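Below sits a lone chain in structure tokens, taken as the form deposited without the partner chain.
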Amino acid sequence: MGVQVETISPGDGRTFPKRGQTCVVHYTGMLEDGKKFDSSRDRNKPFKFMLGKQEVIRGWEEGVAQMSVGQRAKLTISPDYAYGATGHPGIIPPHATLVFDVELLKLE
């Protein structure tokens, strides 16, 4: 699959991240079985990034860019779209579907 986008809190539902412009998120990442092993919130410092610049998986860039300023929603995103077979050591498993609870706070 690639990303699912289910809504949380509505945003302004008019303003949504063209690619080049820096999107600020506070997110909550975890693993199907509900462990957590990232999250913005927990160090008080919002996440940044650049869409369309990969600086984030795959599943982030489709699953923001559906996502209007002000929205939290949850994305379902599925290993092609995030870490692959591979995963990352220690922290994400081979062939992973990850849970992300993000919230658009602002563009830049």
Contents of the next structure:
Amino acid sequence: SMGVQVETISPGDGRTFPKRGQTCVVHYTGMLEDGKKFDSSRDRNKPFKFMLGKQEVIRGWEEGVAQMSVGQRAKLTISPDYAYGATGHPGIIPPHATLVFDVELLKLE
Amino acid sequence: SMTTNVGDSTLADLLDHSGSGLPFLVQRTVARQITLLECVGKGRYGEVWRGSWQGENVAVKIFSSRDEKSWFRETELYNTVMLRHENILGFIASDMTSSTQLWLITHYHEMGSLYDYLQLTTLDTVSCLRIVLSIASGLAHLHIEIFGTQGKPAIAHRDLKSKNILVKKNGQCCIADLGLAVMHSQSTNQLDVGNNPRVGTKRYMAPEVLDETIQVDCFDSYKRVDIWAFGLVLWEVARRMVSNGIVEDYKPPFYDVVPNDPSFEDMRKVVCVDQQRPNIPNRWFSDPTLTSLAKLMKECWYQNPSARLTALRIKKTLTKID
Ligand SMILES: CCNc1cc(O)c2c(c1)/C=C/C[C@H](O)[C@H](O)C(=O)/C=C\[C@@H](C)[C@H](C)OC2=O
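Right, and the form solved in complex with the partner chain of this protein, after the form deposited without the partner chain?
The next block holds the full complex; its first chain is the one shown before.
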């Protein structure tokens, strides 16, 4: 979809999709377009939580997870204006970076 | 709390083992969960606010539009270098929102800046030595390159002053504000001076900065600029140590010869043309601790930067004083 491509790695339940105000519990690995990993909740074995609609994560990560059902694992390819844009994140994400996230939607709270 | 869930982490847990602060993606989420509470600093750089996150205090620097390149530089440094030390301000997170707001989030030190602290209390030999030794320890840690995978480039601060030093609850200090820092690695001899048009605080500028003789492509030169400024901080602190029932009022360096917000020319005339240095109060020479600190100050203030001692030598000298 706009700003984020979702490639399914393994299906969710096909029925339970995140709604505004629910907390998404996920595992993720974030990479630059050249495969360089910059962050992974899997490496610290600690799921990551964010509330849908609170703008707590970049727009592409949120709108990608919104298209997933519980249990789904997917590769999200996020365009820069749906990520960290022209500034990037100094020392981590270069300017105008397309990001690749491997995300698993573990549960909703 | 009523909002606590199994699995919740404190900031200490999130900081527990790339970069100095929280995991990158956690930085935005924590930043956008902070409640701002009280303004604890304001200057040309912007503002600093005490905030709270899940019941924990944090400090939030919100940068002015004029100082966006300091936010960029400081964020870049803390994210690319593992900079964790008892006497260097602990970085937590950086975040931006689209005008734009730029935030840098750090540990909160309720005792405040050293500049303010010296105006609220006097010191004794224990508290004075603890303060100045901790600053020397932090500065030596910045200046020294550590090799290997758990290492760090050498770092020069370039804006050391009592307002950029915070007091911890245990009475040691930590050095803050790396927005002007420059980095160097011996492995490549690469000097990374960055892109920031900001200059150091004029009152604390070394002679070679004020007369523009500093060799701008030489990392060593930036370390010696820090040493000059450290000597001025040592003078500010020592004045507030009581000896024989006597103490000086808090004053900033060169309080008697330049106005508030001094110009480049004000400072160049005092420091370069007239070769003035802060005066040593006579009562210091009746106290062995202040006598030792006066000798140390003088060794930071040589007009020839090569004559100045290293941060490590300062640290070793202060470790030997009682
Ligand atoms: C009562 C607690 N007062 C407090 C407690 C604190 O934790 C801080 C500050 C104040 C910041 C004061 C402004 C300071 O003089 C200088 O301008 C500066 O910017 C230094 C450090 C910045 C980077 C960080 C964010 O500031 C603090 O952490």
